[PDB]
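In structure tokens, the next block holds one chain alone, the form deposited without 2'-deoxycytidine-5'-monophosphate (DCM).
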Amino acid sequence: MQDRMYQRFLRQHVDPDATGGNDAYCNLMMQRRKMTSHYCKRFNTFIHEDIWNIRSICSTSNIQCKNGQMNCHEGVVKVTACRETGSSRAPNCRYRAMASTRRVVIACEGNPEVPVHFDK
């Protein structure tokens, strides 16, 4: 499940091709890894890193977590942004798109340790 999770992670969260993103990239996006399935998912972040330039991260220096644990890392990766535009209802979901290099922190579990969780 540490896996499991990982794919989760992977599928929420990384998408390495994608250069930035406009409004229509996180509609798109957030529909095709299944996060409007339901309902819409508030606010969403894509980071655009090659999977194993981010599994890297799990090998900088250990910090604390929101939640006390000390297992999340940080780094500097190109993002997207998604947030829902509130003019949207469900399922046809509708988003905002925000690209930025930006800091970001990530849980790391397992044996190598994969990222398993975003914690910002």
Given for the second form:
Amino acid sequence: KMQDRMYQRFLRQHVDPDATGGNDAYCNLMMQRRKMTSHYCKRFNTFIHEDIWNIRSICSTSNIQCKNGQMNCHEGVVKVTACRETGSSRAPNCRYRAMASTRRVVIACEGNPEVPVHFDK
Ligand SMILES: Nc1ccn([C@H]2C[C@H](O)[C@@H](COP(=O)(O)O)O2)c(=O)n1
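Write the structure block of the form solved in complex with 2'-deoxycytidine-5'-monophosphate (DCM) for the protein whose form deposited without 2'-deoxycytidine-5'-monophosphate (DCM) appears above.
Full complex below, order starting with the chain above.
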């Protein structure tokens, strides 16, 4: 509905199935590519390296409570690259440290069928 646009924002900001690891150069490139450095440098962002459909599938795991108190969150273990703004970055040269790992994540899902719409934690 308007959930699709939330879903697309999520894909853009958090899904890169093609890579699997992350070095600093990846973050600097991808943070720009995915439009998270156009105005200011987004300080921290997580990219998930899994197939869109493996991710969508998390929405079918047991419901758990989000940080905002809603019950539509779901937890799962996935390959990520986390990008942090370095101490040497400025706008427009936004600059980052990658931190690749396989880790638990929590996503809000909404809709019918249920798609991910929001990274909770
Ligand atoms: N590793 C993470 C975890 C969460 N968020 C952000 C994504 C969401 O946009 C925001 C919460 O707001 P929204 O309700 O728009 O999802 O937190 C992020 O950028 N990087």
